[PDB]
Each structure stands twice: as C-alpha cells, then as structure tokens.
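Peer 1: Given next are the chains, with one letter for each unit.
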Amino acid sequence: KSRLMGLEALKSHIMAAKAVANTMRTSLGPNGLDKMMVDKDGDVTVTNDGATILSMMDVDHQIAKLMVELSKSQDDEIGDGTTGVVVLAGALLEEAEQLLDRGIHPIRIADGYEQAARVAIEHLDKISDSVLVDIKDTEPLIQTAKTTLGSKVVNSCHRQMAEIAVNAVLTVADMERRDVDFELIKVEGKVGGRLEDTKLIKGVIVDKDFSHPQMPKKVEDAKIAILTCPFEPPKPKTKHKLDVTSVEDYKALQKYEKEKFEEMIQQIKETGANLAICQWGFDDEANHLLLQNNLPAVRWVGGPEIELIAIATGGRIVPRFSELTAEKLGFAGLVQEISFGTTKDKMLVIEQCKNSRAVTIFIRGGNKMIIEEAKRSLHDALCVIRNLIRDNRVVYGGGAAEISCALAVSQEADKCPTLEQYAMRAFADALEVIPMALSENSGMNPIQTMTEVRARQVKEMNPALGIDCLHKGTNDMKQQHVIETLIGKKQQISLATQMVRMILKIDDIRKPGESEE
Amino acid sequence: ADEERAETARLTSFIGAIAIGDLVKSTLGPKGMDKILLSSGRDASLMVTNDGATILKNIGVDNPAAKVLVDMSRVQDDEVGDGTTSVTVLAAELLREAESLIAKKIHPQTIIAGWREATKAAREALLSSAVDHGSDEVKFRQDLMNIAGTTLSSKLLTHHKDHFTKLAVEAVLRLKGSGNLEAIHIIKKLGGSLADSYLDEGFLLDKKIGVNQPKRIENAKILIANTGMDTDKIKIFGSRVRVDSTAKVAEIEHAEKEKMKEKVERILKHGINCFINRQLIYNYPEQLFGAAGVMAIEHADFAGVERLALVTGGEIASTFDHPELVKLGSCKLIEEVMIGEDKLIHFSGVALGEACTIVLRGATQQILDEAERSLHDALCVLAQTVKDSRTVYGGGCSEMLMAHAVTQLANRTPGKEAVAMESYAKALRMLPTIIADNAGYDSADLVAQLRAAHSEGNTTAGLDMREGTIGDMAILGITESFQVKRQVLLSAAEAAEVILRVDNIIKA
Amino acid sequence: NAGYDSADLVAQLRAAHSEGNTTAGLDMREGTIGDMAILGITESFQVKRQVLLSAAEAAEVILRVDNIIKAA
Amino acid sequence: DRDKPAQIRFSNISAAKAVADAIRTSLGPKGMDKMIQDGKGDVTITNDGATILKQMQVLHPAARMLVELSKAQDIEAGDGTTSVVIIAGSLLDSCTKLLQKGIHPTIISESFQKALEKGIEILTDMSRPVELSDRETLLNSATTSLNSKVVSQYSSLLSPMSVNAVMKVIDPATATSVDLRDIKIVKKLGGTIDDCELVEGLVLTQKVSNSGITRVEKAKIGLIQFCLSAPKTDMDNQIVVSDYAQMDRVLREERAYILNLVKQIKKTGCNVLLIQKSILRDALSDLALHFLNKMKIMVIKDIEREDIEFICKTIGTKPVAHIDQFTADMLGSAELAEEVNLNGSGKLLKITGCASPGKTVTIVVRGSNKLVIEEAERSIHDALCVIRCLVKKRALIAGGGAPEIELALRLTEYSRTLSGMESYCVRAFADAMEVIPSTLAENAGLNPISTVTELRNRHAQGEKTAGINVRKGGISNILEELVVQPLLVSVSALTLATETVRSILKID
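Protein chains in written order, with the entry's author numbering: chain M, 25 to 541; chain J, 16 to 523; chain B, 453 to 524; chain D, 26 to 533.
It cannot be assumed that every hint is accurate.
Not close to chain M: a few residues of chain D, all C-beta gaps over 10 Å, as computed [claimed, not checked]:
1) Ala-43
2) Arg-89
3) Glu-524
Here are the computed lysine-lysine pairs in the BS3-like style, where the Cα-Cα straight-line distance is at most 25 Å [to be verified]:
4) M:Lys-35 x D:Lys-126
5) D:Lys-193 x D:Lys-243
6) D:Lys-372 x D:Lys-338
7) J:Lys-119 x D:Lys-531
If we take Cβ atoms under 10 Å as the criterion, some of the chain D residues that face chain M in the derived model are [claimed, not checked]:
8) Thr-437
9) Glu-438
10) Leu-443
11) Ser-444
12) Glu-447
13) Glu-459
14) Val-460
15) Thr-478
16) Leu-480
17) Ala-485
These are calculated hints, taken from the structure and not from any lab test.
Each residue gets a CB set at the ideal place from its N, CA and C atoms; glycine is no exception.
Using the sequences plus the hints, can you model the full thing?
Peer 2: Shown next as structure tokens:
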C-alpha cells in the first residue's frame, strides 16, 4: 500500500471535505433546496437533511467517514444543527489551504481555529441566557418548534407535533435530570394518517386490539397480564414451528387447543387482569374464547414489547403464563383501543398516567415519507425542545449570531500576537459561510445580505433581528423567530471546529488514496 | 455513492419529464399527433398509445427525475383522471422555463414562488373562465356530457365515447351527488362487437350449459352463495393422500371425484332450485350436479348480485353457509343470452337500475383498457362536476387566460420574480403551441392573439387545434371541470419545483 | 455594468412602470431603482428618440439583407 | 457573454500579478539582485523593479501597464520605486479572490478606491511632520530618510548640495512640490564630489565660440534656432558643379548672405548666442560662424535644444528661430556669462547668475571619473527626489511597510465597521498591505509571516512599538534606527496601484 503525507494528505483531507459541504449548503436551512437522492435500488429520497444525506451517502473517505459520523451526534442530542457543523468544517478546511499556503503550518493555525472557536461559543453564551420551565418553555418549545419543525416544512398546525414534543420530553426526560431521553421517548407513527393527525401517547399503544370489539374496548387502571405464551402459533425459539400433518390432527388439536385456552384465558383471569398482553397472540379460535371466557385481552404483543409494556408502563414483570401471579402485573392508568381519526391507524393503547417509562409520540401521515417528514422534523424539534426543556438557552440563528461572533471573534483573534493572531481571524471568516450559503438558498446575494446583518451587528453587535432564513423579505432573527438552542450551536462548533483541527493533527495517513474510508 | 451536482442535476431534472413529455404532448393537447408505441425491449410489437402511463411505464423511466412525474403524473391520473399526459408535459414545460431561468443564473428558490404564486393566480384566472354549468339537469347533463367527451378526447375510442357519455352521466344522474363506479359493472369478453357495449339489465355470466343440464332457467329465485365449490368441497374430511406408488398417483385423481358428490348434500339441504355461487364447477362435475335436478349456478358474480341487491332492494351478504346467512336474492329470470357465437347465462332481476352492468365487447383489450380509464377518468371528472359543475374552457384557452393574467400580474406583482410568473405564464401557452403546427396552424399568433383576443373577453372563443382554428370552447365542447384542470395544474406545478430545488442527487 | 441585479431592478422598474412610474427609474449612480425627478438621471427627449431610432431601424435593415454575396 | 472579459481579465490580472511578483524577491535592499541574460543573451544586473522590468520585458498589456505603474512611482515620486510594483498583485490577491468570490469588478475598484483614501488618511495619522522650511531639518531628515536607505556616500555631502539647490529654489516654508525643473544637473568629467557644486546660472555646453570672446559679462543670451548658412548644394558654399568660376561667383551670393545673416545677428546684438547642435540644425555656416564670432558675440553651439528649453524658461531666454526673434526679450539677459575649463577637467560656459524666473540652480557634477560623477548623480537623484517628496508631503513616515502593518490592521478593523459588500473587500484591501513588508521580512530574511502577523499586534499596541527595520530585517522600532520615508511614496505606490488595478477591473 501507500503513505500520503503533508500537502498530499492536505489535498487528501479538505478535498473530500469540500464537496459534501456543498451538497448541504444548497440544502442548508429552510431555504436550503431539497435534494432528491436515489439509490441503486430505484429508491428516491428528497433530502435537505445532512444526516439523511449522510445516511444516503456511503461515499468513501475518512472525511466522508467522519462526516456521516459528525452530524449524527448533533442530530440526536440537539437535533437541528446537523447541517451547519459539517459545511462549516469544510469552510474551516477551505481556509487552512490558503492559510498554510501563506506558510502557516497546519498546526500553527490549528489551535487558532479552536482558540477562536472559544469566542464564538463564548459569544453564543452571551446571546440568550434564558431558561424556562416546561409550562413556560412550552411556547418557546413550540416557538422553537416553529423553527425546528420548520426546515422539513412540517411546522404550522403541526404545533400538535410541537406540543406533543413538549410533553414527550418532559414525561420521560425531566427538566432537572438533564440526562437525554430519546430512548424513553417512543417515536411512533403510521401511514394512512395525516400530518395534522397527531398525538402524544403517554403509555404504550399495542398495535393489535382485544380479540373482539364484542368485548369491552376498555381495560381499567393496571391489570395488564404480561405474557409470553401462545394462544396462537407459538413459533418458539428453542424448537421449530410445525403444524398438523394429518386429518385426525385437525380433529384433536381443534378440540384440544380450545378448552385449554378456555381454561387459560380463564386462568389468566384466574391469575387475574382485565388485560392479558401476550407475546404470542390469541388465535381467531382463541379470539372467540377470549370473548367466550368473557375476558378482555390483547392478542399480539411484540417480543420486545412484552418488555416494553412491562417497563414503559412500569408494570411489574410477569415473564410468561407459568409465572402468572396477582401482585405482578403490567400497569395502566387505563387501557383503550383508540381510533386515531383514521381507522387505518388503529392501536390498543395501554396509557400511563401512573408511570410513563416510554412516552409515545404517535404521528400520522398519508404515507411513510410524510410521517418521516414529520418525525425527523419532530425529532429535531423534540431534540431542541428537550434541550430547551432542560435549559432553554437559545440563540438567534441564521448566522446573525456568528456574524456577531465573527466580528468579535476576529477582533479577539488579533489580540493574541501569536501567529494565530491572523489565523484566528480567518477562523471568524468561516463563521460567516452558513448564513451565506443560507442567503444563497434564500434567493439573496449572501455577500451583501450578511453585510446587512453586519450592519445590523454594527447596529446591534448581537443578533436580535437579522436577515431571512425562511425566504420572505422580512429580515429578522427574533421576529422571524429564527432561533436555535444556545447549546447545540456551541455543540455545532465544538463538533465542527475540532474535527478540522483533529484532522489537522492527523495528516499522517497510510492509504493508497483518499477513498479508503 | 454517486454524487450528482447541480450542473447535470438541474439538467437531468429538465431532461426527464421533457423526454417523456414530448411523447405525451403529442397525445395530449388537441390532436394533431400522438404516440405510436413501437415496442421492443420486451418483445416484437407495434402499439398505438394515447395513454400517458402506457407511454410512461412501458418505456424505461429510469431517470430519477422522470421517476418523479411518472410516479406523480400517474397518481394525478389515478386521482382525477387523465393526469399522466398532463402533469408530465406541464412540468416538462416548466423544466424548459426553469432551464432558461437556471441558465439565466437564478436561484431555484427565486423561481419557486415566481411559479408557485403564479400557479395560484392562474388557478384563479382558471376559476374565472371556469363557468358553473349545473343550472338545470339538462345543463348538468350536457355539462357532464361535454366534460365526459372532454377527457375521452385525444384518445382512440371506437364506439365508446357516445355510449359512456350517456352511461357516465347515467351513472351520475342516478346517484345524484356523485357518479357511479360502484354501480356500473364492466363485463369484458369476446363478443365480436367492435367496441359495441351496452347497459346490461341484470348481469350476464359466461358459461356453457351442457351435459344433462337444461340450459334456460325460468322463474328463478337465486340462492346467493359467497362460498361455492372449486372441485372438491372443503370441510373436515375434505383432503386425503393415499399414494404409496405410481399407481396411486393415477388412483388419487379417482378418489377426489367422490368429493364432488358430497357437495350435493349441502345444496339439496337448502332446497332452492336455483343455487348461485362464486366458485366454478367443471363439465364432468356438471353430470353430478345437473342430474341432481336442482340448478346450481357456478361463478355467480358478487358485484352481479351486488347490482341486484341494490336495485332489487334485497340483501347481498358475505359468509354463506346455510341459506339464510345471505338474504335470498330475487331475479325474474336466469336465462342464456346468445351474443353471436357466445353462450352467456344471464341473470335478469332488474333493468338499468341504479346499479348497472356494462357489457364491453371488443376484439382488443388495449382499447377496452384505454376505454375504461377515460371512463374511469370522466366519471371522476364528472363526480367532481357533480361537486364543481364549473367547466373551464380547455384546449389551451385556459392556458392563455392564465398566461395573459399572470403576465399582467408579473408585470406589477413582483419586483424580481416577474421572471418566473411570466415564465410560468409562458409554460401555459406552451401546451397550446405544440399542437397547432400539428394542425399546421401558427401558435404564435394564436398564443399572442387569441390569448389576448379571448383574454380581452372572447374566453368562450378558443383554440380548435384539431382544425387549427379559433372556435368557441363552450360550443366546440372543449372545456372540462375546473378541478381536473386545476388538479392537473397542481401536480405539474409541484412536480417541476421539486427537481427544480434539487441541486444534488446521490446514486448508490 | 453597475453590477446590480437587473431582473430585480428591471422587474422592479417593470412593476414601477407596471404602476406606470416613469418618474421612478433605475438610478445607476448607486444602481438602485429610484426617482426620475430629473435628478440628472433624466435625459433630454432628443437623445432617446434619436438613439431609439437607427438600431430599431438597422437591426431590421440587417434582417432584410439575407443573401449576402461577398466577392472577396 | 462577459465570460471572455473575465478570462481576459484573468489573463490580464494573471500576467499583471505575474510580472509584479518577480520583484517581490528583489524588493528592498536585501532584495536579491538579478543578473539577467536578455534577448541580447547578455547579463543585466539590477535590484529595483523598474530597471528590471524595463531591461527585460515582453509584451503583456497589463504587464506593459505595470512597467508604467513601476515607472509611475518613479516619475511620480522619483522615490519608493520598488514599492508600487509589490502592492498591485497584493491588491490583486484580494481582487482575484473577491472576483472569484464574485465581487463585481466595478465594486472592488470603488471599494479599494474609497478604501485607498482611508488608508493614506490613517497614514496621515501615522504621518510625522518634519520642517520643510528648515534646510537643516530637510538636510537632517531627508538624508536620514536616505540613511533609512542605502546611499549616504556622496549624498551626505550632496544632500548639502541637494537640500540647498532645492532650498535655493525653495520659495515656500512648505517648499511645495518643487520638481527638479529649476535644478540643472550637468556633469563635468574632471573635478571632485567636492568640485560637484551648485551654480546660480545655467552652465552651457562647452563654450563653442570660434572668434567669440571667451567671456562676455552682462550677456544678452542670443538663441539661434535658424540656420547660419546660405543655401546648400554640396556645402555651406552652394556649389553647382561644372567649372570652378560659377561656384567661385555663387560665393558672392553665399558669402555676402552668411555675412549679412550674421551682420543681422549683431544688428540687434547678442552677448551670448545659444546655438543648439548643428545636427539640431540642418547646418551652420562656419563662414557665417567665423564672421559671426568675428563680430565678437560669445556663443555656445552644440548645446541641446532641451538645454535651451531648460534655458528658455529658467533664465527666461525666449526662443529665437529668426532675426525678428532677435530681441532683448528673446535674447536672455545674463548677469554674468563665462567659461570655466578648470576646477576639474572638461570645458563648459558658466552662466553664473542671470536674469532668471523661479530662482534657478545648476549643479555641475564632477569626480575623479565618470562613475564618481555618476553615483553623485545617483546620490542626488534620491536626495533630489526624497526632498521634493518630503516637501511635497508636509509630514514624514517611517518605512519598511510597518505603517501598512499598522494600516492593514487599521482598515480591516474599520472595514468591519464599514460593513457593506466591500467589508470583505476593504479588509482584503488592507490585507494586501502586510504582504509587502512580509516579503521584505522575507527579503531581509526572517519569517515574513510570523513577524508581520505579530507586528500587526505590535502595531496594535504603540502602532510603532515595533516595525520592519531593514538593517535588523526584523521586529524592531523603525524609529530607533530610522527607517523613514516621505508620505508620498506610501501614497504614491497606493494611489497608483488602485487606479492601475481599478481600470483593469473595469477593463473587459
């Protein structure tokens, strides 16, 4: 194989770094123009989302490696911020060429990017120190879910989504805990609904319902019998499923399998519950018996969901039918089979007003692209919202923060006479590329457009108002309500600024060429 | 992954719908030209296609941008009807419009609202010359009739047009508040009739009577059966395998002939002379069922008695085991109607009721296929003509009016995007242009004059590009429900601005 | 020439003259759309009618010559 | 359609930047001097750009523009020569980027052209006034500004000659511009740097008078811009060639004229006759010229007409092409007119004092050889120019591009506050500055990058707590050892460059 060093590597790193910053820059923000992306499979994905673009790209290099990696630490915690962290890393790398071309060693600038990465996140700190409680922040949660639902263009009237993300974060992730819960938030949805068909389910919706509507739709508080046990074909994991191969076998199994389920569905109710959640469902034969034995219960519960309805409800674990006991049961504040407004989306909810250990946002949509349109949008909302419901620290987005940063950055950059005097100043120059590439997408000349904000910063020297991010012509950060959590913007940088510098410290690469990923 | 940057992406955005649009813009518009599908990737074939999808889907759509419209234009056709050829050309028009504005170095975003807002005010100007024709039922008749004949047009239909413009409106004038595809029962076969079709009293069914069965059934009370017998009747004992060797292989066929006989026990219990079921029986079975003396009709159609039960006032049900799980159907006759050489067992309980059977007799399926869609398309445009009885002047006259207004608008309306609105307005008059030379006529004057001419208020007077002449859109009958035209405006305007805003395409 | 957006300044001035404002025009000093008040940005009627002429003629005049025999 | 101009502009700015880059090594005294074999295949050895750029040059128009831009700084200041070449490509480094960055060429021009004035204005803040009225101070400061540079050799002697010649023709305390217009620089082969001296009247070419008195005081300064000769055939004597009596008699024609033409010269009368070179004549009759000086008029022949032009103005001897033009006004009035063959070797008519407008000075440049004469000239030319600049610019500024390292910070700082599309430009405008002293920090040897970066902060502190000190070639106060220059060479290089860079942006 081969070892490429210095300028070779220098042209190995920024090269693969430069192009993917470009696909996202015309994808950048709400005006970022979406990208249809098609697999070898005949697939089609219209993506302005970098992480989705990165999920769409298997493209090959340590950069393309780190890129698919870098955004998705921003996309879960903070959500929105996925796009800027990469494109700006390229812009930083875009600079380091000319800046090493000035004869400043890549590690001579390297600290200067991070050194001046301080002022930006430090300047972000200055923007809005506000932190609001759930019931107060819920408007800023949806006011940010104005923006953080905005980029996917599923936002207004989706204040449903915006509000269901308010409680979904609060329900499981506390405000004081500030340990991220996207794991105990259950992201859920189904095709055939509608974007405006939207709900936050507090407990667990199990997809299948009671074996009949001829038995009540409603199981009361708790009494959920947690069951791994066949009332339909078991398909056990220890042996293999086979069915009856003989004529006398359909005779006896029909007669045998009925009276046991008669006994067992009674034995469930003997052990007791108004709901038996079975990993292995009721058959249609066992359905009429759940009717005949006069018990409500769920037929099908997921193999994992038998843990879910156990944990997510806090319901005390009943492993199986043989472990059935009265004191151990799955729990509910109530149990319903809920039509969501489109009977196509129909679930049996085990709902938690007692303890929700998995809170379920249930989105709906005409199809899957539309619910995912909502969900990743709801995600980034739910993300920033959770960030904000932890600490409501916000910042006016669209770069007017960075336009205010870059000036203060490059100034405070010059203060250290060390060669990063200049190098940190060039760092600030990169802070201006995202609203730039946004102003491109906005239909505006970013050059003049930023200088409007520059002038506005010359006016303000912090973002309050700003330029367009959505394309309107009312140029505001505050009144347009272009606002991001103050956290993730700093996290964008922290993710954006070092990877460059980290790639700066690693130019020594054994490769025949870039494509090794 | 293959990264497609904007240079070819916008270009590929343009080529996809244009390269198919040119094919359908022949078919679409008035008729000076069509698509003759010359078919070989799959075969040796020669085909004549006015259908967009038959042009679209048969040919390779593999362009990711062509994927959009071939997917999106079909739905528009699958929704309101005749949207394949429409959403394709009209966005392909915009692709040309974008291309210049692209080549003019203009933000696609700047082009978005420029078209997208222009889409509205055109749909608004579309709503202007949209003229409600619901006045009387005779108006609503001839509205639907003009509209039914509107979608059927620019397509090859032999005897279809004049009969369904009766039927489609007949299906409308019975349901009153919608049209009936739930009622019209399309029955296709080889009758030797060219396109010739008719409203079928009751519903005919295709079987040869023979063996011992007398062919005609009189005073027939049908016993509705949702479950018949295939060959062996299915129940507890219904299956056996005795085969230990090659003799039994020939001897197992003989064992199941017994199972045909026990089927008689079930039907002889019900007692009704006429037993009509879903599942067919064969001629050697006909020996056992016909010698039983009761008349057991095989393959009696669900939608057929669904016709009856609606019109006869009775109940067609599901899950038939014993006679009363479905309310007994009442027909006047179970008869054999002989059409040419055909022998068709024909159930007549009612005539031309609010559920009709429609017998489509043709020697070719493709025409019967494209006849169904244009019928499937018209009734939808007729069912929305039940809702919106505005029939907006078609044949490009709508394009003109919208092109004139939006141009007038772009003049004042933006300070910049007057680029795209007129560009939008330009794409409007496009569809008119391609077909006038197809009559030999000069579109330029037309789109210049007759637009401004009828956008100065001749709006009824409009484009006959079959004759290449200026004629009245209402009197020529060239016009259609305000929805479908706006509906074919909705997707195509949306279809273009998607790949327009697409500046990169990943390819795995 | 002033390096400003024409489709902007034109379609603005279009909208301006679509509102019939000829007292507002492209003011090419700063290169915005602005008043024609006779700021100095206004021209004598002599020039345009003259300048509007020969090219609106010659271009057509050039369109008449089609067969062009060059004996060189 | 404007593609090619950008391409041309590229091709312009490229070969523009190109030729300006090669000097950025030879920039400065530590700038390395290039022995250059030329199209003549022969070595040529110089440091300053102008000579280098002229002595080997091909033709690129932008390059042709820069050798002028080079010459400009020369013909403008006679000073800061090497500097203007370095700033152009430095600016173009910003421009080409900004052009790539997309900043419209008209913008960048008026961007940097506006930003120009801001730079030299902060330079006026950097500017340190020295006394233009005090000859001593000028003798002190300019020589020190020359001691900021290479040559004190004859200068520290010839600055007493330079500052005086200037001071003598200095009317104002401001001392204004003072081109060398009133300073006549003439050499004399023999003599010394000490025999180099200022003289108060115009030394005339040799003294060419045949019978003309070696000295005539209170000299009417005659000028002969017309021939002394009767018509020619084969000599001043007009010779028709067959037999020798005709050419003997046509003498009576020829002889009388050249006598009378001379008699006419002494009619109005002249004490001195300015006579330019006889090849700056068609020819001059010795026959006349004999009897000319034989009527006892002292004369100088063989003098340059541009001397005469210098003499027509500075002593106000009005041009005489004709005997009507023999008049006491057109015949200049000299206080004293003599010849000195002595005080060194060579002969020259010394006008010492005269009737003169604008004072007047001649310096007769002498030495042990021509070289001692030559560098003496090169010792004054700087002094001659640096004074007339330093007096042209009321204040003084320290050199080494440190004011730019100051100013590059200063404008970029305000270029923020400026904002506008040009903020990016006006920063990059100022950013162009520090590259030049960087190149010197490279040309003297140092880190051009490390230092000048730090100096921008050094120049953020005391604005000079450090600078680029050429003998140190490093971070130093340039006021501790003065590296100092008149304001002009700073302004000059700047004001030229932008304009030269400006039109190119506007050049297609």
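Peer 1: Hints the structure violates: just list their numbers, smallest first.
Peer 2: Result: no hint breaks.
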